[PDB]
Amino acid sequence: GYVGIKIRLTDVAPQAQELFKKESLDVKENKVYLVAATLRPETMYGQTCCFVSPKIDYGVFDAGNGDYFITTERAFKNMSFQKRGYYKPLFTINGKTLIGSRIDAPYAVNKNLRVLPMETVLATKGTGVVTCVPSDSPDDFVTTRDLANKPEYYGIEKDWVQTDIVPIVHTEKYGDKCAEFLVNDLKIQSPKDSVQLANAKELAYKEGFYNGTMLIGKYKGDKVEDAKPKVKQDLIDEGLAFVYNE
(Lines of atoms letter the chains of each structure in order from A and count residues from 1; the text may use other names and numbers.)
(Lines give C-alpha, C1' and ligand atoms only; values in the text may rest on other atoms or scores of the structure.)
Protein backbone atom coordinates (compact mmCIF):
# COMPACT_ATOMS: atom_id res chain seq x y z
CA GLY A 1 0.00 0.00 0.00
CA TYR A 2 1.90 3.05 -1.28
CA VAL A 3 1.07 6.51 -2.55
CA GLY A 4 2.82 7.33 -5.83
CA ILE A 5 3.86 10.98 -5.91
CA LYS A 6 3.98 12.60 -9.35
CA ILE A 7 7.08 14.84 -9.33
CA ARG A 8 7.07 17.01 -12.47
CA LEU A 9 10.37 17.39 -14.29
CA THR A 10 10.54 21.05 -15.36
CA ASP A 11 14.10 21.50 -16.69
CA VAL A 12 16.37 18.54 -17.43
CA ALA A 13 20.11 18.50 -16.69
CA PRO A 14 22.35 19.32 -19.73
CA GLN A 15 23.46 15.72 -20.46
CA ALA A 16 19.85 14.45 -20.27
CA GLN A 17 18.70 17.18 -22.69
CA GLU A 18 20.52 15.50 -25.58
CA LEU A 19 18.90 12.11 -24.84
CA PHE A 20 15.36 13.51 -24.59
CA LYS A 21 16.02 15.61 -27.69
CA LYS A 22 17.27 12.52 -29.57
CA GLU A 23 14.16 10.62 -28.46
CA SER A 24 11.73 13.38 -29.52
CA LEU A 25 10.55 13.92 -25.94
CA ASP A 26 10.11 17.48 -24.65
CA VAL A 27 9.78 18.36 -20.96
CA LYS A 28 8.23 21.81 -21.58
CA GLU A 29 5.10 20.54 -23.36
CA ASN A 30 4.63 16.94 -22.27
CA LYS A 31 4.28 16.13 -18.60
CA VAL A 32 7.26 14.02 -17.53
CA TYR A 33 7.08 12.69 -14.02
CA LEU A 34 9.51 11.11 -11.66
CA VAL A 35 7.30 8.82 -9.60
CA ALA A 36 8.33 8.49 -5.96
CA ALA A 37 6.67 6.14 -3.50
CA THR A 38 5.84 7.36 0.01
CA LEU A 39 3.96 6.14 3.06
CA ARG A 40 3.69 9.69 4.46
CA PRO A 41 1.68 11.87 2.05
CA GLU A 42 1.04 14.25 4.97
CA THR A 43 4.74 15.23 4.93
CA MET A 44 4.81 16.23 1.23
CA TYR A 45 4.73 19.90 2.22
CA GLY A 46 8.31 19.56 3.50
CA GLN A 47 9.97 18.19 0.36
CA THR A 48 13.37 19.83 -0.25
CA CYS A 49 14.57 17.71 -3.15
CA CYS A 50 14.18 14.39 -4.90
CA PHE A 51 16.35 11.26 -4.74
CA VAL A 52 17.45 8.93 -7.51
CA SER A 53 20.30 6.39 -7.57
CA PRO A 54 23.28 6.93 -9.92
CA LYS A 55 23.58 3.14 -10.33
CA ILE A 56 19.96 2.54 -11.50
CA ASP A 57 19.05 2.56 -15.21
CA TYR A 58 15.55 4.14 -15.15
CA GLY A 59 12.97 3.60 -17.89
CA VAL A 60 10.83 6.32 -19.48
CA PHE A 61 7.26 5.08 -19.97
CA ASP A 62 4.13 6.38 -21.78
CA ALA A 63 1.16 6.71 -19.41
CA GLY A 64 -1.27 8.42 -21.80
CA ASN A 65 -2.61 11.95 -22.32
CA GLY A 66 1.00 13.08 -22.91
CA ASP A 67 2.10 11.84 -19.46
CA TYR A 68 5.35 9.99 -19.08
CA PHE A 69 6.67 8.12 -16.05
CA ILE A 70 10.30 7.66 -15.12
CA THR A 71 10.64 4.56 -12.91
CA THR A 72 11.82 0.96 -12.93
CA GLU A 73 10.15 -1.71 -15.09
CA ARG A 74 9.08 -3.52 -11.95
CA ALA A 75 7.56 -0.39 -10.41
CA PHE A 76 5.67 0.41 -13.62
CA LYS A 77 4.50 -3.21 -14.03
CA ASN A 78 2.56 -2.72 -10.80
CA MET A 79 1.03 0.65 -11.74
CA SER A 80 -0.61 -1.31 -14.56
CA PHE A 81 -1.97 -4.38 -12.66
CA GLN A 82 -4.52 -1.80 -11.42
CA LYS A 83 -2.50 -6.37 -18.91
CA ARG A 84 1.07 -7.16 -19.93
CA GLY A 85 3.90 -9.36 -18.60
CA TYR A 86 6.52 -6.79 -19.71
CA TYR A 87 6.34 -3.16 -20.87
CA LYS A 88 9.09 -1.88 -23.14
CA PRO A 89 10.10 1.63 -22.02
CA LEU A 90 10.53 4.19 -24.81
CA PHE A 91 14.16 4.55 -23.74
CA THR A 92 16.25 4.15 -20.62
CA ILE A 93 18.16 6.83 -18.72
CA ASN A 94 20.83 6.38 -16.05
CA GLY A 95 20.38 8.08 -12.66
CA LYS A 96 23.53 10.22 -13.00
CA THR A 97 22.13 11.85 -16.15
CA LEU A 98 19.18 13.26 -14.17
CA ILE A 99 21.18 14.87 -11.31
CA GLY A 100 20.60 18.63 -11.12
CA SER A 101 17.34 18.65 -13.06
CA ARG A 102 14.87 21.17 -11.72
CA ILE A 103 11.59 19.79 -10.41
CA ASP A 104 8.17 20.83 -9.07
CA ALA A 105 7.17 18.52 -6.17
CA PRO A 106 3.45 18.45 -5.20
CA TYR A 107 2.53 20.61 -2.18
CA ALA A 108 6.18 21.44 -1.46
CA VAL A 109 6.51 24.88 0.15
CA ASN A 110 10.18 24.96 -0.78
CA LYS A 111 10.87 26.28 -4.25
CA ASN A 112 13.63 25.77 -6.88
CA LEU A 113 14.05 22.05 -6.12
CA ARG A 114 16.49 19.68 -7.86
CA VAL A 115 17.11 15.98 -8.46
CA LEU A 116 19.91 14.66 -6.22
CA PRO A 117 21.75 11.32 -5.78
CA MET A 118 21.42 8.61 -3.12
CA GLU A 119 23.45 5.48 -3.75
CA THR A 120 21.55 3.26 -1.23
CA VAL A 121 18.20 3.60 -3.02
CA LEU A 122 16.99 0.09 -3.86
CA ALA A 123 15.97 -1.24 -7.29
CA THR A 124 13.87 -4.08 -5.91
CA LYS A 125 11.70 -2.02 -3.51
CA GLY A 126 9.45 0.94 -4.45
CA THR A 127 9.87 2.96 -7.64
CA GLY A 128 13.59 3.82 -7.68
CA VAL A 129 12.72 7.43 -6.89
CA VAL A 130 12.70 8.54 -3.26
CA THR A 131 10.98 11.38 -1.43
CA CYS A 132 13.02 13.83 0.72
CA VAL A 133 11.61 15.31 3.95
CA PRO A 134 14.52 16.21 6.26
CA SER A 135 12.21 17.69 8.92
CA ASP A 136 10.47 14.37 9.56
CA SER A 137 12.66 11.71 7.96
CA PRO A 138 15.92 10.86 9.76
CA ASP A 139 17.31 9.04 6.70
CA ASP A 140 16.62 12.08 4.53
CA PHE A 141 18.09 14.49 7.08
CA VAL A 142 21.35 12.50 7.28
CA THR A 143 21.74 12.13 3.49
CA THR A 144 20.99 15.88 3.08
CA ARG A 145 23.71 16.69 5.62
CA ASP A 146 26.24 14.53 3.74
CA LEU A 147 25.49 16.12 0.37
CA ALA A 148 25.84 19.56 1.95
CA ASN A 149 29.23 18.52 3.40
CA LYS A 150 30.85 16.93 0.36
CA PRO A 151 29.16 18.48 -2.71
CA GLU A 152 32.26 18.06 -4.93
CA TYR A 153 32.51 14.37 -4.01
CA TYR A 154 28.88 13.59 -4.91
CA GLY A 155 29.03 15.78 -8.01
CA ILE A 156 26.51 18.44 -7.00
CA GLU A 157 26.31 22.13 -6.08
CA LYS A 158 26.10 23.34 -2.47
CA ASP A 159 23.17 25.60 -3.46
CA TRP A 160 21.09 22.66 -4.72
CA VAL A 161 20.80 21.17 -1.24
CA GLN A 162 18.21 23.22 0.66
CA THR A 163 19.30 23.64 4.29
CA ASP A 164 16.54 25.95 5.53
CA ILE A 165 13.97 23.55 6.91
CA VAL A 166 10.41 24.69 7.67
CA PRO A 167 8.51 22.71 10.37
CA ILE A 168 5.65 20.54 9.08
CA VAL A 169 4.53 18.50 12.08
CA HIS A 170 4.50 19.32 15.78
CA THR A 171 5.12 16.49 18.22
CA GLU A 172 5.09 16.59 22.02
CA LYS A 173 8.09 14.34 22.53
CA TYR A 174 10.33 15.66 19.73
CA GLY A 175 9.23 19.25 18.94
CA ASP A 176 8.78 20.78 15.47
CA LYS A 177 11.58 19.08 13.50
CA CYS A 178 11.64 15.53 14.86
CA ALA A 179 14.24 14.19 12.42
CA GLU A 180 16.70 16.88 13.51
CA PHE A 181 15.96 16.10 17.16
CA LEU A 182 16.31 12.33 16.82
CA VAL A 183 19.55 12.58 14.82
CA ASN A 184 20.88 14.87 17.61
CA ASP A 185 19.58 13.08 20.75
CA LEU A 186 20.60 9.66 19.40
CA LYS A 187 23.92 11.18 18.24
CA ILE A 188 23.68 10.05 14.61
CA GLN A 189 26.89 11.33 13.13
CA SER A 190 26.77 9.95 9.61
CA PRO A 191 24.69 7.77 7.29
CA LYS A 192 26.95 4.94 8.37
CA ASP A 193 25.84 4.30 11.98
CA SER A 194 22.91 2.26 10.79
CA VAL A 195 21.65 1.09 14.19
CA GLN A 196 20.58 4.45 15.59
CA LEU A 197 18.97 5.40 12.23
CA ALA A 198 16.76 2.29 11.99
CA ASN A 199 15.65 2.96 15.55
CA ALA A 200 15.12 6.63 14.61
CA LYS A 201 13.01 5.88 11.49
CA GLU A 202 10.68 3.86 13.75
CA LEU A 203 10.26 6.39 16.59
CA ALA A 204 9.64 9.23 14.10
CA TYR A 205 6.93 7.33 12.26
CA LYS A 206 5.20 6.43 15.54
CA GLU A 207 5.16 9.86 17.23
CA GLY A 208 4.49 11.66 13.95
CA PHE A 209 1.38 9.61 13.19
CA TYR A 210 -0.11 9.27 16.69
CA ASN A 211 0.98 12.45 18.47
CA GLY A 212 1.53 14.68 15.47
CA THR A 213 -0.23 17.94 14.67
CA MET A 214 -0.05 19.55 11.22
CA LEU A 215 1.61 22.97 11.28
CA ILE A 216 0.96 23.69 7.63
CA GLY A 217 -1.56 23.29 4.82
CA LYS A 218 -5.33 22.86 4.46
CA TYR A 219 -5.53 20.77 7.65
CA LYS A 220 -3.23 22.87 9.83
CA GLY A 221 -4.08 22.16 13.46
CA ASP A 222 -5.41 18.66 12.87
CA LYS A 223 -3.95 15.51 14.41
CA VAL A 224 -1.89 13.72 11.73
CA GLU A 225 -4.00 10.61 12.37
CA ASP A 226 -7.02 12.53 11.05
CA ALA A 227 -5.28 14.64 8.40
CA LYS A 228 -3.41 11.78 6.72
CA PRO A 229 -6.31 10.20 4.81
CA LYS A 230 -7.66 13.67 3.88
CA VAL A 231 -4.34 14.89 2.43
CA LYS A 232 -3.99 11.60 0.55
CA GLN A 233 -7.42 12.01 -1.05
CA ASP A 234 -6.71 15.64 -2.05
CA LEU A 235 -3.51 14.77 -3.95
CA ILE A 236 -5.30 11.94 -5.75
CA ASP A 237 -8.26 14.23 -6.52
CA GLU A 238 -5.86 16.84 -7.92
CA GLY A 239 -4.04 14.24 -10.08
CA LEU A 240 -0.78 14.82 -8.22
CA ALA A 241 -0.65 11.29 -6.80
CA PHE A 242 -2.21 7.83 -7.05
CA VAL A 243 -2.44 4.57 -5.08
CA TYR A 244 -0.08 1.66 -5.85
CA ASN A 245 0.53 -1.72 -4.15
CA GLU A 246 3.02 -4.61 -4.28
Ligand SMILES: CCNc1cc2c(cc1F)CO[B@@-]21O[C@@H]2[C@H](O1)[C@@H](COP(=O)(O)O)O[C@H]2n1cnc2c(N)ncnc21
Contents of the next structure:
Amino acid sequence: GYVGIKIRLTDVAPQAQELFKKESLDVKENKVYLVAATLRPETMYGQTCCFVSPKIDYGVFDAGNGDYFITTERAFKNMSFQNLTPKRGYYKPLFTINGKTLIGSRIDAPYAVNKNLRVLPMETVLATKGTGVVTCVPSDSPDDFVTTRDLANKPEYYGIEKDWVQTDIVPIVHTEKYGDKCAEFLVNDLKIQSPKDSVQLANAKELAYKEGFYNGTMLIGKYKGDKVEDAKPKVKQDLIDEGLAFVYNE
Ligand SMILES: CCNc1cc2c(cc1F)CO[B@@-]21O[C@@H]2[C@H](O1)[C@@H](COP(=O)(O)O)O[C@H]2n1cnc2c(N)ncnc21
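Please show me the structure of the same protein in the form solved in complex with this ligand, now that we have looked at it in the form deposited without this ligand.
Next comes the full complex, this chain leading.
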Protein backbone atom coordinates (compact mmCIF):
# COMPACT_ATOMS: atom_id res chain seq x y z
CA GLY A 1 0.00 0.00 0.00
CA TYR A 2 2.16 2.86 -1.31
CA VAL A 3 1.16 6.15 -2.87
CA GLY A 4 3.00 6.75 -6.11
CA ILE A 5 3.80 10.42 -6.74
CA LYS A 6 4.24 11.54 -10.36
CA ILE A 7 7.26 13.86 -10.54
CA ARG A 8 7.49 15.51 -13.97
CA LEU A 9 10.93 15.50 -15.59
CA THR A 10 11.19 18.90 -17.29
CA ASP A 11 14.83 19.01 -18.47
CA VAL A 12 17.17 16.01 -18.38
CA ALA A 13 20.84 16.14 -17.32
CA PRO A 14 23.40 16.65 -20.14
CA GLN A 15 24.69 13.05 -19.78
CA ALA A 16 21.07 11.86 -20.16
CA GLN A 17 20.32 14.06 -23.20
CA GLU A 18 22.15 11.83 -25.72
CA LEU A 19 20.13 8.82 -24.50
CA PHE A 20 16.70 10.50 -24.60
CA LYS A 21 17.45 11.93 -28.07
CA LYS A 22 18.27 8.46 -29.41
CA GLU A 23 14.92 6.86 -28.46
CA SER A 24 12.96 9.91 -29.72
CA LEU A 25 11.69 10.70 -26.21
CA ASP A 26 10.93 14.42 -25.89
CA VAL A 27 10.56 15.36 -22.21
CA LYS A 28 8.83 18.55 -23.42
CA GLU A 29 6.13 17.03 -25.69
CA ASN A 30 5.87 13.79 -23.66
CA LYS A 31 5.03 13.42 -19.97
CA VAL A 32 8.06 11.66 -18.52
CA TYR A 33 7.65 10.98 -14.78
CA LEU A 34 9.93 9.79 -12.05
CA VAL A 35 7.46 7.92 -9.80
CA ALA A 36 8.26 8.24 -6.08
CA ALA A 37 6.82 5.77 -3.55
CA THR A 38 5.52 7.41 -0.37
CA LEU A 39 3.47 6.65 2.74
CA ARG A 40 3.15 10.35 3.49
CA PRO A 41 1.21 12.25 0.75
CA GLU A 42 0.53 15.00 3.31
CA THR A 43 4.23 15.99 3.23
CA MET A 44 4.39 16.69 -0.54
CA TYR A 45 4.26 20.46 0.15
CA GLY A 46 7.80 20.13 1.51
CA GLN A 47 9.67 18.35 -1.32
CA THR A 48 13.16 19.88 -1.91
CA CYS A 49 14.40 17.44 -4.60
CA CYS A 50 13.85 13.88 -5.76
CA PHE A 51 16.24 11.05 -4.95
CA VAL A 52 17.47 8.21 -7.15
CA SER A 53 20.17 5.62 -6.36
CA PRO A 54 23.58 5.78 -8.14
CA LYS A 55 23.47 1.97 -7.92
CA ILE A 56 20.13 1.27 -9.64
CA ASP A 57 19.34 0.80 -13.35
CA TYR A 58 15.87 2.28 -13.85
CA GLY A 59 13.45 1.46 -16.65
CA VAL A 60 11.64 4.01 -18.76
CA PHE A 61 8.21 2.50 -19.20
CA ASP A 62 5.30 3.27 -21.52
CA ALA A 63 2.59 4.20 -19.01
CA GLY A 64 -0.06 4.74 -21.69
CA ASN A 65 -1.75 7.86 -23.09
CA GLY A 66 1.56 9.75 -23.49
CA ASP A 67 2.81 9.21 -19.91
CA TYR A 68 6.07 7.39 -19.24
CA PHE A 69 7.27 6.17 -15.84
CA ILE A 70 10.81 5.90 -14.51
CA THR A 71 10.87 3.19 -11.83
CA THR A 72 12.69 -0.13 -11.19
CA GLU A 73 11.47 -3.07 -13.33
CA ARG A 74 10.24 -4.73 -10.11
CA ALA A 75 7.75 -1.90 -9.41
CA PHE A 76 6.43 -1.51 -12.96
CA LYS A 77 5.84 -5.30 -13.12
CA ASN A 78 3.71 -4.97 -9.96
CA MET A 79 1.80 -2.03 -11.45
CA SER A 80 1.02 -4.12 -14.57
CA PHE A 81 -0.85 -6.59 -12.32
CA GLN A 82 -3.20 -3.95 -10.89
CA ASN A 83 -4.39 -2.11 -14.06
CA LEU A 84 -1.93 0.79 -13.82
CA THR A 85 -0.16 0.04 -17.12
CA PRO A 86 -1.25 -0.20 -20.83
CA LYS A 87 -1.17 -4.03 -20.97
CA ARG A 88 -1.51 -6.44 -18.04
CA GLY A 89 1.62 -8.54 -17.58
CA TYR A 90 3.69 -6.39 -19.99
CA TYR A 91 6.55 -4.43 -18.45
CA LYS A 92 9.30 -4.16 -21.07
CA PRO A 93 11.22 -0.91 -20.58
CA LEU A 94 11.65 1.18 -23.74
CA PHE A 95 15.20 1.44 -22.43
CA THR A 96 17.09 1.45 -19.14
CA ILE A 97 18.84 4.34 -17.40
CA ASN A 98 21.24 4.29 -14.43
CA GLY A 99 20.63 6.58 -11.45
CA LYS A 100 23.87 8.54 -12.02
CA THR A 101 22.83 9.50 -15.59
CA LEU A 102 19.74 11.24 -14.15
CA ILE A 103 21.60 13.22 -11.46
CA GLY A 104 21.13 16.98 -12.09
CA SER A 105 17.92 16.70 -14.11
CA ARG A 106 15.22 19.32 -13.48
CA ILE A 107 11.82 18.27 -12.12
CA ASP A 108 8.37 19.50 -11.08
CA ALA A 109 7.05 17.83 -7.94
CA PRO A 110 3.32 17.84 -7.03
CA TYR A 111 2.38 20.46 -4.41
CA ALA A 112 6.00 21.43 -3.64
CA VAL A 113 6.31 25.04 -2.44
CA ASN A 114 10.03 25.12 -3.30
CA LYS A 115 10.84 25.80 -6.93
CA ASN A 116 13.68 24.75 -9.25
CA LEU A 117 13.95 21.17 -7.92
CA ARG A 118 16.69 18.73 -9.04
CA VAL A 119 17.30 14.97 -9.02
CA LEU A 120 19.95 14.10 -6.45
CA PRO A 121 21.77 10.92 -5.34
CA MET A 122 20.75 8.79 -2.38
CA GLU A 123 23.08 5.86 -1.72
CA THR A 124 20.76 4.31 0.84
CA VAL A 125 17.80 3.53 -1.47
CA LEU A 126 16.64 -0.06 -1.03
CA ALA A 127 16.41 -1.43 -4.59
CA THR A 128 13.77 -4.04 -3.71
CA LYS A 129 11.41 -1.56 -1.97
CA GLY A 130 8.81 0.71 -3.59
CA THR A 131 9.86 2.17 -6.93
CA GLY A 132 13.52 2.86 -6.05
CA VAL A 133 12.56 6.52 -6.49
CA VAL A 134 12.39 8.46 -3.23
CA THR A 135 11.09 11.98 -2.89
CA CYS A 136 12.91 14.27 -0.48
CA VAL A 137 11.18 15.89 2.50
CA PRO A 138 13.93 17.13 4.94
CA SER A 139 11.55 18.57 7.52
CA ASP A 140 9.82 15.28 8.36
CA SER A 141 11.98 12.45 7.05
CA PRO A 142 15.05 11.54 9.11
CA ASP A 143 16.67 9.72 6.15
CA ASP A 144 16.05 12.68 3.82
CA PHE A 145 17.43 15.14 6.33
CA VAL A 146 20.63 13.16 6.92
CA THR A 147 21.29 12.66 3.14
CA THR A 148 20.54 16.35 2.33
CA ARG A 149 22.91 17.58 5.08
CA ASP A 150 25.60 15.21 3.76
CA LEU A 151 25.04 16.37 0.16
CA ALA A 152 25.17 20.10 1.10
CA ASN A 153 28.21 19.58 3.38
CA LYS A 154 30.25 17.63 0.80
CA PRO A 155 28.83 18.71 -2.61
CA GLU A 156 32.10 18.50 -4.57
CA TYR A 157 32.71 15.03 -3.04
CA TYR A 158 29.32 13.72 -4.30
CA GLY A 159 29.67 15.11 -7.84
CA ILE A 160 26.80 17.57 -7.35
CA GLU A 161 26.38 21.37 -7.43
CA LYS A 162 25.68 23.14 -4.13
CA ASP A 163 22.93 25.17 -5.83
CA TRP A 164 21.04 21.92 -6.39
CA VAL A 165 20.46 21.22 -2.69
CA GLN A 166 17.99 23.28 -0.66
CA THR A 167 18.90 23.60 3.03
CA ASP A 168 16.36 26.21 4.08
CA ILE A 169 13.53 24.02 5.27
CA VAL A 170 10.01 25.44 5.35
CA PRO A 171 8.00 23.82 8.19
CA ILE A 172 5.12 21.62 7.04
CA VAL A 173 3.88 19.68 10.09
CA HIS A 174 3.67 21.03 13.65
CA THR A 175 4.21 18.49 16.44
CA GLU A 176 4.05 19.35 20.14
CA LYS A 177 6.84 16.85 20.91
CA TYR A 178 9.48 17.53 18.21
CA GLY A 179 8.54 21.06 17.06
CA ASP A 180 7.98 22.07 13.44
CA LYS A 181 10.84 20.14 11.82
CA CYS A 182 10.65 16.79 13.57
CA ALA A 183 13.29 15.10 11.36
CA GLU A 184 15.90 17.72 12.26
CA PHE A 185 14.89 17.50 15.96
CA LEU A 186 15.30 13.72 16.05
CA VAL A 187 18.53 13.58 14.01
CA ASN A 188 20.05 16.08 16.46
CA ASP A 189 18.55 14.34 19.49
CA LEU A 190 19.72 10.84 18.56
CA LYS A 191 22.97 12.32 17.17
CA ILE A 192 22.77 10.42 13.88
CA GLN A 193 25.88 11.32 11.88
CA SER A 194 25.70 9.27 8.64
CA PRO A 195 23.06 8.25 6.06
CA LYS A 196 24.23 4.70 6.88
CA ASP A 197 23.23 4.64 10.56
CA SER A 198 20.39 2.25 9.63
CA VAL A 199 19.25 1.18 13.10
CA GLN A 200 19.17 4.75 14.54
CA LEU A 201 17.49 6.13 11.42
CA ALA A 202 14.85 3.38 11.59
CA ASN A 203 14.29 4.39 15.22
CA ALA A 204 14.00 8.10 14.33
CA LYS A 205 11.73 7.27 11.36
CA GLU A 206 9.36 5.24 13.52
CA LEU A 207 9.19 7.99 16.20
CA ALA A 208 8.58 10.65 13.54
CA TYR A 209 5.82 8.54 11.90
CA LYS A 210 3.70 8.08 15.07
CA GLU A 211 4.04 11.69 16.20
CA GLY A 212 3.39 13.23 12.77
CA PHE A 213 0.27 11.15 12.25
CA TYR A 214 -1.44 11.26 15.66
CA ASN A 215 -0.15 14.57 17.01
CA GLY A 216 0.85 16.41 13.84
CA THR A 217 -0.96 19.56 12.62
CA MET A 218 -0.75 20.95 9.07
CA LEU A 219 1.10 24.27 8.71
CA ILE A 220 0.43 24.68 4.98
CA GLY A 221 -1.97 24.02 2.08
CA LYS A 222 -5.72 23.53 1.92
CA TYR A 223 -5.97 21.70 5.25
CA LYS A 224 -3.69 23.95 7.33
CA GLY A 225 -4.69 23.84 11.01
CA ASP A 226 -6.18 20.35 10.60
CA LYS A 227 -4.80 17.26 12.33
CA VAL A 228 -2.70 15.12 9.99
CA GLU A 229 -4.86 12.20 11.17
CA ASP A 230 -7.87 13.83 9.44
CA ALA A 231 -6.02 15.69 6.66
CA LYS A 232 -3.86 12.88 5.25
CA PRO A 233 -6.54 10.89 3.38
CA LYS A 234 -7.97 14.15 1.93
CA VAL A 235 -4.57 15.34 0.58
CA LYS A 236 -4.07 11.85 -0.83
CA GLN A 237 -7.48 11.95 -2.54
CA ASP A 238 -6.85 15.43 -4.01
CA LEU A 239 -3.51 14.32 -5.47
CA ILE A 240 -5.17 11.26 -7.04
CA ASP A 241 -8.13 13.32 -8.32
CA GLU A 242 -5.77 15.84 -9.92
CA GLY A 243 -3.85 13.00 -11.62
CA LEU A 244 -0.67 13.76 -9.66
CA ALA A 245 -0.64 10.48 -7.76
CA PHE A 246 -2.07 6.95 -7.61
CA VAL A 247 -2.23 4.00 -5.21
CA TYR A 248 -0.36 0.75 -5.82
CA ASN A 249 0.18 -2.40 -3.78
CA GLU A 250 2.93 -4.91 -3.07
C1 LIG B 1 8.77 9.49 9.23
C2 LIG B 1 9.00 9.29 7.72
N3 LIG B 1 8.68 10.57 7.05
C4 LIG B 1 8.53 10.71 5.72
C5 LIG B 1 8.63 9.61 4.86
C6 LIG B 1 8.46 9.81 3.48
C7 LIG B 1 8.21 11.07 2.96
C8 LIG B 1 8.11 12.16 3.83
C9 LIG B 1 8.27 11.99 5.20
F10 LIG B 1 8.18 13.07 6.02
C11 LIG B 1 8.08 10.99 1.63
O12 LIG B 1 8.23 9.71 1.16
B13 LIG B 1 8.52 8.86 2.28
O14 LIG B 1 9.85 8.31 2.14
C15 LIG B 1 9.61 7.12 1.38
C16 LIG B 1 8.35 6.57 2.03
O17 LIG B 1 7.63 7.73 2.43
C18 LIG B 1 8.88 5.78 3.24
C19 LIG B 1 8.26 4.39 3.33
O20 LIG B 1 9.17 3.55 4.07
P21 LIG B 1 8.63 2.35 4.98
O22 LIG B 1 7.91 1.33 4.17
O23 LIG B 1 7.68 3.08 6.10
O24 LIG B 1 9.91 1.77 5.79
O25 LIG B 1 10.35 5.69 3.05
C26 LIG B 1 10.51 5.95 1.71
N27 LIG B 1 10.98 5.08 0.81
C28 LIG B 1 10.28 4.57 -0.20
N29 LIG B 1 11.03 3.71 -0.87
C30 LIG B 1 12.21 3.65 -0.27
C31 LIG B 1 13.37 2.93 -0.53
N32 LIG B 1 13.43 2.09 -1.57
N33 LIG B 1 14.43 3.10 0.27
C34 LIG B 1 14.37 3.93 1.31
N35 LIG B 1 13.28 4.63 1.58
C36 LIG B 1 12.18 4.52 0.81
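What we label the rigid core is the largest C-alpha set whose atoms superpose within 1.5 Å from one form to the other. Numbering follows the first chain given and starts at 1.
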Align both forms on the core first, then report whether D67 has a C-alpha shift of 2 Å or more between these two forms. no
Superpose on the rigid core, then tell me if the C-alpha of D57 is displaced by 2 angstroms or more between these two forms. no
For a quick test of reading the superposition: does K192 move by 2 Å or more at the CA between these two forms, rigid core aligned? yes
Core superposed, what is the CA shift for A123 between these two forms, in angstrom? 1.3
Cα of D140: shift between these two forms in Å, core-fitted? 0.5
